Amino acid sequence: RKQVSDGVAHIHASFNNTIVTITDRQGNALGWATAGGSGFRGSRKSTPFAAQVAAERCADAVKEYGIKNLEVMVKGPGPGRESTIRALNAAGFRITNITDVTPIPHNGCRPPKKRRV
Amino acid sequence: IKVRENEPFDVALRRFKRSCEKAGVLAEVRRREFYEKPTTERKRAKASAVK
Amino acid sequence: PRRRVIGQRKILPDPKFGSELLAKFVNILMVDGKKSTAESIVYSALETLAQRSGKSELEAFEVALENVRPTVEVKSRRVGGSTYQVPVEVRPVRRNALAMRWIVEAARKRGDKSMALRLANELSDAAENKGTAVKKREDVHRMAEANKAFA
RNA sequence: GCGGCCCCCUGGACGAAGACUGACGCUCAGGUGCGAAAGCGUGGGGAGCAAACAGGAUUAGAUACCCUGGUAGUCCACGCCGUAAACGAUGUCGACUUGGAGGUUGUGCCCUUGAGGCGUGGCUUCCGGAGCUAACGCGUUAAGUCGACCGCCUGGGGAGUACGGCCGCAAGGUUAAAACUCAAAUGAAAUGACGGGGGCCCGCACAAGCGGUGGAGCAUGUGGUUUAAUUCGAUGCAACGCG
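Chains as they are written, first to last, in PDB author numbering: chain q, 12 to 128; chain 2, 3 to 53; chain m, 1 to 151.
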């Protein structure tokens with residue numbers, strides 16, 4: 012219902028996990044998934060396998076609105092950012108550009124410092 | 003701090019970034035200011051080679 | 001194993017065919033230094049494969065070698081604790097030798113009464129990629145297609 | 001000790017050549033002043049933070065860090081507190097004595113005309129002579145050659161401990177002993193196994209295959225047994241067809 016065929020994709024990257032989400036231009040999301048939902052419990056979540064499999068799982072879940080192009084909203088410096096883009100460029104979507112929107116806070120608050128290592 | 007590379011590597015190979023980490027400056031700035039310590043780059047490695 | 005060199009060594013062929021390929025087949029089919037019986041079973045297998053195939057014996061041999069031919073493999077290094085292997089195109093001489101030894105082991109996987117009969121039947125049904133070693137080739141191929149994720 | 005940007009009050013330093021007063025200086029025992037962060041008192045404020053505590057894993061053994069939460073306190077306005085590795089481990093003020101490549105600051109007459117010639121100054125870097133230095137090293141900003149002062153030292157523990165007098169609201173801070181005990185406590189120096197903390201080459205040891213047997217049947221000798229004893233010894237790559 013109400014096929015869009017255009018939108019932007021938000022990508023999250025973290026040391027402990029990674030998730031992929033998809034929305035439209037104005038910003039009402041349509042897809043949601045966790046790489047841990049595809050299994051791989053433990054440190055293997057950081058491996059590209061879970062990220063990529065969650066990528067095609069979300070892509071299959073979102074075919075129903077019929078999209079053809081998307082945009083890369085990547086977040087976080089975590090390992091990855093490579094499985095998702097090159098799994099979605101051939102999943103039935105064509106990329107448009109790339110961005111860097113990972114925050115760089117201007118020395119606002121004290122970071123968690125109790126951590127030795 | 004950023005990665006935008008391709009499929010093949012997927013594991014480690016960022017030990018060059020470990021060398022470029024410069025653990026001194028990060029371990030110095032994460033915990034308090036010193037104003038006399040980051041000098042370790044000079045004046046104590048070349049100037050203290052005592053035999 | 002680190003300073004030595006490779007001289008491309010070559011040993012006694014069979015004078016009837018006079019081919020280095022058939023030379024290496026017969027010389028690896030050797031066991032414990034056995035010449036008469038080993039070559040006798042080799043010729044028995046060759047004549048039987050020609051009889052069953054019906055086509056020319058040498059071209060059927062080449063077709064069988066092409067059927068058993070694998071493409072790629074990797075080497076275990078144990079670098080990071082997980083499977084971290086760079087897929088290297090194996091040496092053509094080493095690839096040929098590995099194909100030879102896979103054929104020989106496929107022949108060896110039985111325990112039949114008569115060595116000549118067993119050898120003839122298995123190589124003959126392996127000549128058309130439907131025998132014994134082609135399963136090993138497929139398994140080796142399955143070992144590939146997934147080691148390129150890490151390079 | 002000082003870091004967004006705007007405005008107002010305000011402190012020192014230095015340069016250019018000009019006039020001007022005419023030893024008006026230096027150093028400072030008691031004494032006033034300033035003095036990071038933790039603390040205490042009045043209130044105000046509370047985003048994240050995290051002493052004490054709350055729960056899980058943790059091993060020979062955690063009231064240790066690792067993780068999840070979580071008050072004082074870090075913030076503001078007034079007052080108290082006078083200590084630190086408050087170290088350049090080098091008290092202040094003057095006059096002299098061989099050298100080098102810089103950072104930076106304003107004027108000289110040119111020749112910015114290019115980023116070159118006067119440092120004629122100030123503050124700072126890093127190497128390195130004569131000379132000192134027990135040695136490491138200091139080395140025109142001296143640990144050199146001299147002068148004026150001050151403050152401080154006489155072996156380590158007992159100890160910046162105890163009484164006593166001051167300072168404070170408390171926690172406490174300054175001034176400073178003895179009895180007894182020891183043959184020492186201590187600096188610099190590569191002088192070596194130590195390279196378990198880092199670099200570099202070497203070996204069927206590793207990157208491949210064939211056999212063996214801890215899988216069955218038989219001798220072997222000890223550490224050894226069932227008997228009359230079951231000789232001297234073979235108990236780490238130095239136990240086996242060995243003496």
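Don't read these hints as lab results, they were simulated from the structure. Ideal placement from N, C-alpha and C gives every residue a C-beta, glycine not left out. Heads up, a few of these hints could be off.
Simulated pairs of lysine-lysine, DSSO-like, Cα-Cα distance not exceeding 30 angstroms [claimed, not checked]:
no.	chain 1	residue 1	chain 2	residue 2
1	2	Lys24	2	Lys53
2	2	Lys24	q	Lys79
3	2	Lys4	q	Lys125
Covered by chain 2, per the in silico footprint, the following chain q stretches (three or more residues, Cβ under 8 angstroms) [stated by the list, open to error]:
no.	segment
4	67-77
5	111-125
Partial chain m-side listing against chain 2, Cβ under 8 angstroms, derived [to be verified]:
no.	residue
6	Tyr43
7	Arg78
8	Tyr84
9	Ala144
10	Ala149
11	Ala151
Comparing the hints with the structure gives:
{"no.": "1", "hint": "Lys24 (chain 2) to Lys53 (chain 2)", "result": "holds, 27 angstroms"}
{"no.": "2", "hint": "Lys24 (chain 2) to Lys79 (chain q)", "result": "violated, 45 angstroms"}
{"no.": "3", "hint": "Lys4 (chain 2) to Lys125 (chain q)", "result": "holds, 25 angstroms"}
{"no.": "4", "hint": "67-77", "result": "violated (count 0)"}
{"no.": "5", "hint": "111-125", "result": "holds (count 4)"}
{"no.": "6", "hint": "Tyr43", "result": "violated, 49 angstroms"}
{"no.": "7", "hint": "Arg78", "result": "violated, 13 angstroms"}
{"no.": "8", "hint": "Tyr84", "result": "holds, 6 angstroms"}
{"no.": "9", "hint": "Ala144", "result": "violated, 15 angstroms"}
{"no.": "10", "hint": "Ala149", "result": "holds, 6 angstroms"}
{"no.": "11", "hint": "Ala151", "result": "holds, 4 angstroms"}
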